[PDB]
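A.B. asks: The lines below spell out each chain.
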Amino acid sequence: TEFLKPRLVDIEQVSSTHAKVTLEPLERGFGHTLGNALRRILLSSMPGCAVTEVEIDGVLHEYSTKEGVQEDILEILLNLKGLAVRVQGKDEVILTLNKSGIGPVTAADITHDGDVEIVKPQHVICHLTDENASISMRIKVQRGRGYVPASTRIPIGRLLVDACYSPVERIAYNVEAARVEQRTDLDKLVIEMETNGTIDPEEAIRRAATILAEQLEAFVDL
Amino acid sequence: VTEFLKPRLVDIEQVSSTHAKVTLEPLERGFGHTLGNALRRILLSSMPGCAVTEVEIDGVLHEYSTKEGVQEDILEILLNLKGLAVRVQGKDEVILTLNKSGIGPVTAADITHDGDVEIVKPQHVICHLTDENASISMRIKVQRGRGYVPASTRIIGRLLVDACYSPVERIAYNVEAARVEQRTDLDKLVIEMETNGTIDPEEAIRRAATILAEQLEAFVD
Amino acid sequence: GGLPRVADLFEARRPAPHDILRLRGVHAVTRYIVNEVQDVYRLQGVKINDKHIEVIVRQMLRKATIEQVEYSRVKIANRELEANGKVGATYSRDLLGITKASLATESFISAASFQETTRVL
Amino acid sequence: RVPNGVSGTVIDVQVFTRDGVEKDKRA
Amino acid sequence: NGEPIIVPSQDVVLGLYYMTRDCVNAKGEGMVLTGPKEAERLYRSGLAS
Amino acid sequence: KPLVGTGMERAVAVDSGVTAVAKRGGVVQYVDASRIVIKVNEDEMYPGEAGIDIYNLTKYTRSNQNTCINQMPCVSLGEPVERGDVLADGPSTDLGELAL
Amino acid sequence: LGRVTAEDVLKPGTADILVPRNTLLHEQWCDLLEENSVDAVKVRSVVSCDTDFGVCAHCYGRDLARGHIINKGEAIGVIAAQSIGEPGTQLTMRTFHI
Amino acid sequence: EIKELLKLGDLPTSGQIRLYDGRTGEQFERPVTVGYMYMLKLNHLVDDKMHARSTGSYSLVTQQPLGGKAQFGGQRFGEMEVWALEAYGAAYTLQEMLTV
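Chains as they are written, first to last, in PDB author numbering: chain A, 6 to 159, 167 to 234; chain B, 5 to 159, 168 to 233; chain C, 1136 to 1150, 1216 to 1266, 1278 to 1332; chain D, 919 to 945; chain E, 495 to 543; chain F, 697 to 796; chain G, 840 to 937; chain H, 1194 to 1293.
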């Protein structure tokens, strides 16, 4: 009438966006239960940060062009939709970007901030093709969870973008046999995680387990 | 951002003494399946209990043997024995003896009394005796375990019987739609439960939820 | 066979149903037309009860002669005359196609609604 | 003046005048 | 005519047809059961075909 | 673009006339989102000619069916171009191939 | 199935009556007459009715959409016309499937 | 040739794989055909087809509602619908639709 409890036993970091987590040991049937519950929770309820608004100097709306820039404003907004940023201490921040001269404009050109981290500095935003061209913009970053279209949430020259707050991209899991002293009926569970590099695997596992445990409180009823 | 909805409507309906329906509302989108599947799996395959595992019959040496004076057959006698509910206190292996003579229904009330052991349904039919000459003598083995174990996975005239340790007879769930002030994307969970009478459905639900919750203690902070 | 065969059976086109009625009774023309229509409809696997064709046939034959008048009027007049112990009347039934049967009705509003407004008005 | 149920953004305005008289500030 | 007009088709027919077929030497063949609920338990647990 | 095709996409895309095609070969001199300038090769110039080609592009115009028409450059700065090459894409076109 | 016996009909045996005259033949009656292998039956029809300005219930018979006998005040001409007309139209637009 | 290309890509030559249910995690009982296909979006959008009305404007000679979504019109109740209502026996519904 007693069960053995699992623990974290290994964390393997393939790269900055790929990870593996191992839970051991498990009784019969508990591996699949925990795996499916954790996969379902991890893919929908994790928090993150995203870009929500933008302002450019001479730009009125997004269906226009700018002299000396190869892309349209709409393509620039689509490019900005995929910027990954880590923020601590606040739930809202504003960044400034300034650039001049011929060449590409990357994420490394953003003015440095004390409590903001950029994880992929080589992300490309636009191109300048004239030697007498310059660009300056202001970008607003917020925190949340889920997917909020701009139309649902709702001066001339302020442009809104759709927000995808989730930092998780792919989840997989496997169940294998375990080696324990004199026992041959125990399993181990391996979870494979693919993200954008703005969340820690161990913290994600703890957060998902906390959400599930807090949801399970209502079933001990009267 | 860390705040999630909590249910505020819990409805319980008792169709019988061993059959219940529970409604829970409202939930976040997708959580009905998440909770229902896990609860169903734990209820189906992991609850402990007591069951009959083996039987010995004096006049029978083979499963297909024929015993005179009884209307039923050995197969049907085993089928009736498979549905007998019993509670054992402070032990894990009990032998019970049954001796009966006469002409009439032979039920569970004819088993020799032995306290630390109790019978849920005294009027459960075991067999019938047709003639005055006939008599029956038999022995029952009761153990403790988890889930369901078929007899085919384990194979002096001893006959193997399928073991039903879990007290749950039937479990099912369903998910429907719900809204809260134009937020029309939320879930509603409905659960149907039937047990064998040893415990009531609500106690089983609470026990399953406790078992599931105690497995996450290392990670939850 | 096909659609034109059905559309020609209901309008009493001359190749006979006229002679079948005049010589063997309307009870025979009923069965004749029912069988002929069901022959076309049963090749394709279509199930229709026999009542509806009988209804259409009854509506087809509605006048009489002894000029041309309504059958029910003649029957009522004969009943009234025989109620007084007098001599009634003898009549021979007719038969028309649906297009001609529709345009010869006691109501002129429905006939004008159907078709050929100017002539009816 | 916008038909019911239709939204959008203004991206172009055109003004047409003949050889007549008078003109507006926006024109 | 007399025949009904509400009749299942396509997916429903395929599903019921698939449930009601039988095979040879499938998993769990040769058991004796106490009723339909035991059959549902055995199918859901993965112990029978 | 389609992963599985038949091989007639380029013909339709070029003969329709919704793209921009180079009249003479040369080298790309200036390009932005709405204009392309080509410096013509030496052996394709008439006497007494400056020798540059200018292409202006169509931007956000409505069609007869209230849809959108838009052109986008697909060449970089300092690239060499031959005659009959695609310089810009039209609606439903990907690098000179029809894409619906 | 769903008519009313017009005249005297009896069991195949001599002087033995199976169904009384003017009865509505439901499933049980049809099974009973099929058990004894009834040769042929006579029924009432709409075309042979003496009612003027309309018809009468027993000459019509069963109402196929419900099961019981026909009620008073029902427009049977429109129903008959629709029943005949519909299958030809449905036959039309399914030709290209073959 | 398709099977040779599949083998070069390290994929099964039948074109079928194993799939799992996302709501329970259970494996479907038969292999399923999975692949890539080219899809199109046609110019029949439900935003251009939904319409409703309670009261509005009427014609001049025949004081009946106008027709067309552009001018906020009503739907036409034709001859065949009248035949259907006659076959049902619904006299009050028919009178309500014909007059008020």
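These are computed hints drawn from the structure, not numbers from a lab. For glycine and all other residues, C-beta sits at the position ideal for the given N, C-alpha and C. Treat the hints with caution; some may be incorrect.
If you only want the chain G side, here are some residues facing chain H, beta carbon under 7 Å, derived [what the hints assert, rightly or not]:
1) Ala914
2) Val917
3) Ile918
PhoX-like cross-link-like pairs, simulated, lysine-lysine; straight-line CA separation at most 20 Å [said to hold, decoys possible]:
4) B:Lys10 with E:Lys531
5) H:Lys1200 with F:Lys697
6) B:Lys25 with E:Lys531
7) A:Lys95 with A:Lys145
8) A:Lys71 with F:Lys697
9) C:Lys1311 with C:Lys1297
A.B. asks: With reference to the structure, classify each hint as holding or not holding.
C.D. replies: Cross-check of the supplied hints:
Interface restraint check for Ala914 of chain G: the shortest CB-CB distance to chain H comes to about 6 Å, inside 7 Å, so the restraint holds. Proximity of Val917 of chain G to chain H holds as hinted, the smallest CB-CB distance being about 5 Å (cut-off 7 Å). For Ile918 of chain G, the shortest C-beta to C-beta distance to chain H is roughly 5 Å, which falls under 7 Å, so the interface hint holds. A threshold of 20 Å between alpha carbons decides the hint, and for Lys10 of chain B with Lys531 of chain E the separation of about 33 Å lies outside it, so the pair is violated.
Distance restraint check for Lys1200 of chain H and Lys697 of chain F: the Cα-Cα separation of roughly 24 Å exceeds the 20 Å cut-off, and the hinted pair is therefore not satisfied. Proximity of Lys25 of chain B to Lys531 of chain E is assessed by CA-CA distance (about 17 Å); at most 20 Å being required, the pair is judged to hold. As the CA atoms of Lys95 of chain A and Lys145 of chain A are separated by approximately 13 Å, the hinted pair is consistent with the 20 Å bound. Simply put, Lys71 of chain A and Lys697 of chain F have alpha-carbon atoms about 28 Å apart, too far for the 20 Å limit, and the pair is violated.
With a C-alpha separation of about 35 Å, the suggested pair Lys1311 of chain C and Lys1297 of chain C falls outside the 20 Å cut-off, and the hint is violated.
The structure fails hints 4, 5, 8 and 9 (numbered hints given earlier, in ascending order).
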